[PDB]
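The chain below stands alone, shown as structure tokens; this is the form deposited without the ligand.
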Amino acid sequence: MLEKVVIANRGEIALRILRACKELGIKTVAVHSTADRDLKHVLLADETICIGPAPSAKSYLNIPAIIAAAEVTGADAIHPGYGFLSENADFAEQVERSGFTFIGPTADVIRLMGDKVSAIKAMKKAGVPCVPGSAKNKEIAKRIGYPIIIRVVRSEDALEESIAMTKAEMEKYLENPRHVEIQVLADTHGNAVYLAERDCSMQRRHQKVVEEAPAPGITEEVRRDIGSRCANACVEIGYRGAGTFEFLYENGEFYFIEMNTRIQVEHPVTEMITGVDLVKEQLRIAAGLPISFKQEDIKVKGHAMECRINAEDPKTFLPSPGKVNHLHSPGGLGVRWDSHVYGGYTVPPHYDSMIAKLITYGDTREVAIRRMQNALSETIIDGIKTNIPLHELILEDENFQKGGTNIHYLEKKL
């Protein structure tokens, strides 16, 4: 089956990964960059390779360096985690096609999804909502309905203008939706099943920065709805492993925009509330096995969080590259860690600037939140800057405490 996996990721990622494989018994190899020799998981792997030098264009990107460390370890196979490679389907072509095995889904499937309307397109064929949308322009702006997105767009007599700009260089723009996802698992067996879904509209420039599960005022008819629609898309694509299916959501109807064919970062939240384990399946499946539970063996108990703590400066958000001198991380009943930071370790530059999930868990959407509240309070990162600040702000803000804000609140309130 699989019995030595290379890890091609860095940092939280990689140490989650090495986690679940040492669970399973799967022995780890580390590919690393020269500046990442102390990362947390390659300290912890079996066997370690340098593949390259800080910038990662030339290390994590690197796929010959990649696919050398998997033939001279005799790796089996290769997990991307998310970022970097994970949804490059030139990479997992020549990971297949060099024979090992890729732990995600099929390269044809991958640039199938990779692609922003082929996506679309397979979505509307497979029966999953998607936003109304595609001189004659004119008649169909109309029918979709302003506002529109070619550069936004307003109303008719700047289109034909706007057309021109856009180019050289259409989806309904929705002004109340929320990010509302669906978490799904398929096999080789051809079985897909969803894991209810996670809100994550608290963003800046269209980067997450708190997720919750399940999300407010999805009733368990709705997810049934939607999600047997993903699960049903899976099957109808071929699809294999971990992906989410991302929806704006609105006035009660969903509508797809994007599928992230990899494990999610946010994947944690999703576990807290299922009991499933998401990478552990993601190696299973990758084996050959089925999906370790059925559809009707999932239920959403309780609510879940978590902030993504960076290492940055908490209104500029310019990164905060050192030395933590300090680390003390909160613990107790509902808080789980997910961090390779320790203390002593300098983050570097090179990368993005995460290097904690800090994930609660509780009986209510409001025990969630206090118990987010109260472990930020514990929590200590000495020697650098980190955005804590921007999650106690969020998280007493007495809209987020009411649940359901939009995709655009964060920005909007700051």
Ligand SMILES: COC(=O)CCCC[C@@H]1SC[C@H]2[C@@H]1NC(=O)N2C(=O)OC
Second form
Number of protein chains: 2
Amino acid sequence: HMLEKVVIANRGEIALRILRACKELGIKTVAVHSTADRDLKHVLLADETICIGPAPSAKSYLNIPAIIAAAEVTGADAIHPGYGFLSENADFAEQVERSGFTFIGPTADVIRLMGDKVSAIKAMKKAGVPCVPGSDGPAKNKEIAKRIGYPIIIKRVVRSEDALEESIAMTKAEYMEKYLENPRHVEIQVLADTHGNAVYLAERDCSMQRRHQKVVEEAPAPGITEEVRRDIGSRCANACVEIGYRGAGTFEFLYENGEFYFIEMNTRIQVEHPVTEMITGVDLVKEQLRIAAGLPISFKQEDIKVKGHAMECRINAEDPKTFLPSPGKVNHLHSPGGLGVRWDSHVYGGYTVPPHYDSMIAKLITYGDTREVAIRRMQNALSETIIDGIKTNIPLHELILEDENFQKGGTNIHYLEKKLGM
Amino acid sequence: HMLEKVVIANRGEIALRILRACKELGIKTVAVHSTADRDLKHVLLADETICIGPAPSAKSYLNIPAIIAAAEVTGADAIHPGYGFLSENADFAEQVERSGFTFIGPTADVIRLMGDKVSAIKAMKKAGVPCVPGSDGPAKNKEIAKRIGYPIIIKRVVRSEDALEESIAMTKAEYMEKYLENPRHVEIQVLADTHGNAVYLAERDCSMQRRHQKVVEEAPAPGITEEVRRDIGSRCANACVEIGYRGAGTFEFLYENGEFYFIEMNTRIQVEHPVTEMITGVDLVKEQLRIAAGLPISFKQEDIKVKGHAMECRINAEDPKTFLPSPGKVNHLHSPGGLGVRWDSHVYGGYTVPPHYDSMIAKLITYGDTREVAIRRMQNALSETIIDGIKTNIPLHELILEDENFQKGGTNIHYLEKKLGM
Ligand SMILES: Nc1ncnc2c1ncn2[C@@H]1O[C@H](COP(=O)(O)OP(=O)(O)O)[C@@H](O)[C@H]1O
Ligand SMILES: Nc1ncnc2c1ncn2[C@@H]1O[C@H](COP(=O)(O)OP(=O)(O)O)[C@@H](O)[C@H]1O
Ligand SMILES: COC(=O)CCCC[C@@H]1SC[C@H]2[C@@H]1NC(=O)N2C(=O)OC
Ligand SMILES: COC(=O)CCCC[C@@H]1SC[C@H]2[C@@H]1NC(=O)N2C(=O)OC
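Let me have the form solved in complex with the ligand next, following on from the form deposited without the ligand.
Complete assembly follows, chain above in first position.
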């Protein structure tokens, strides 16, 4: 009569993370996997396994009917979608609850609401979560653009009135907003339950990115005071209640000259959740599972106090210079350890990284009482880490961590790409 | 003009632990090693290496003149002795400071004081650290034994007056005290610096033992209240000042029917220090190094608050049934991870555990907000851990953790051996 068995509708490290939380709560696990993933750590640990299709994503991890049949055939109570794949797919969520299983995440209606940009802004704007100034929806655009103020983003970026009508038409065989020139990425973690509670769990800075993909994340964000945290955090907790949010989620902002501007709500657990765990002492995947089971969040807002600092390096099987993937056999893995070092990875000596999915192989997470200690622990853990047989982006991480502007802190979302050009 | 280079006068996991702290502080390392240990993780990471002798302990890690020459030839500032080997050897400490290097630990005089039992009791007794009732030093023994009260320990244990004089003479070709029948082992961690400060860092319960060797340790100790902690802890901090203690140390007690009875001060870092780290947020090996450099302890007593619970399983290369050592090649090591899991080990896939030293190969440390969470995390981390090629005592740990009396908590120092007999 509660959650007793959970289908893990994902793979790789987050599938292992979920398995770990399940096993801590005594929840039975069902590992659904493609034919290429029979040797995943979490498949090998799972109570039951069901092969849901051949290697390609389309035919396996995105196979909505096979994943639902796997829940049916095992007698499962709930499905955890992880991140990526179907986690923000409303049709999947809708179909999961229509077949009577618990979807571990928000309701389908809320996924669609926060899954479309204009709709999401409206809803934030009404909740009093600050958005980027814009036209709100939808000749008079010379003037709309006027008052928003150049530069403008139709999405092109647009620096001249001359060329408004062009960039209007150019994106328009392919809405307007203030283009923020050099913002950081600062995001707020929340949880909301079926007992009407919602909390905020400080913030993460994920400004170090390449091609919009995050490389290094940290928590808390440098420069953000407790006062400021409280303001923005409590606006997000409130937004959660207004929209009947449920489960873990993240409000992503562009943050520039002291102000927050909303850009997306990821309605799911994120890759970078561990850094918030380390600074708050909250188990975010456990709380997902509890909340899905109908439990209240296990603590109150005044129980949450940011303590110390945490960093995460996404370790990828890829050439550190060209960023082309590097699948193949890991002959040896020597993973780092010691105080303040956490290692979240499904990779082991003997394991073959397949070509079929993303290239993330491990997340290396460090914690310290200060940002400087956490960066130093990261540097030392990276130098101890050996992954023999394939190439990784460890060398990129080492360059970032020794960057003087990174050490000062507060570098913007373009920094990595500039650095890399220089 | 400070500590810039440290000789790590030890091996195995604690040598790696020390290396890690050194590297966090930017302190150069000198790995002194025997010929059998050239492939130790910490030797491979060290800035400088010096081979101090052939495989046997006697000729290498206990070679006082070779270790001192290694400090001389490298231009080192200090020597960290770890635990075991020379760490409680006053002659070594005396000779290290007489050759002008900093010994990372207390002064030689203090090692001898707390290194001999009668002397240590005197000094504790004068400090107001509670000792076990006894004769204090040294016919009239029928009566001394009388008032201490049977049962008695000459060290034999002695249950009858009849047989006092015998057991007197029997141990006396080979002092008296109350024999505590079913105590737990509860120990208090301290630090003391050259600025006149001394602190206590709660306590550990290390009652699960076999042949007097510890298997599982935890912190805090079940049943001990904050009130009680404060009392006993502050008596140990005070004892530290009275004796001019310096560095990390531990006061070990036998704890029975609500009372603490002193049995030894280990004047060094201990194997089981990590569990205290996890519950207090203190880096105990860093503080050793700071304190040795002449710095104050980096926090005050009121900054220390016990939060959560931690467990440590000493993973040994040994047959889990006969406890005979199992040296040889580890073909694969798959180490556990995830939230609340810490792994302290110099072992890696490819590494050969030699026969020459102890059988400890890794310490698996878990943390949780409650004792139950920490035990469950331990169980799950052990089930994920693979060490292929040699035998380990993991099966023993799994049996302990599933023991109902262990789960209730507070089992005594004889429990494991009884359990094992049953
Ligand atoms: N107002 C803005 N100013 C500057 N850059 C923006 C703005 N809005 C969006 N962008 C850029 O485009 C990116 C695309 O948004 P994102 O949520 O990452 O899309 P997706 O989540 O589908 O990849 C943003 O991170 C940001 O870097
Ligand atoms: N008063 C006592 N009552 C019961 N057992 C004792 C008492 N004193 C010592 N012992 C036993 O003998 C052990 C030997 O002490 P210990 O400090 O371990 O010696 P070493 O450190 O040299 O191995 C103690 O842990 C304890 O189990
Ligand atoms: C093995 O394949 C998987 O388990 C899914 C692959 C990762 C999905 C991407 S990574 C960056 C982005 C997506 N998920 C996520 O949380 N991200 C995150 O930072 O939020 C944007
Ligand atoms: C690889 O060899 C070494 O690094 C030294 C071996 C261990 C010394 C023993 S284990 C239990 C005891 C000794 N050190 C220690 O701290 N112990 C501890 O619990 O305090 C009694």
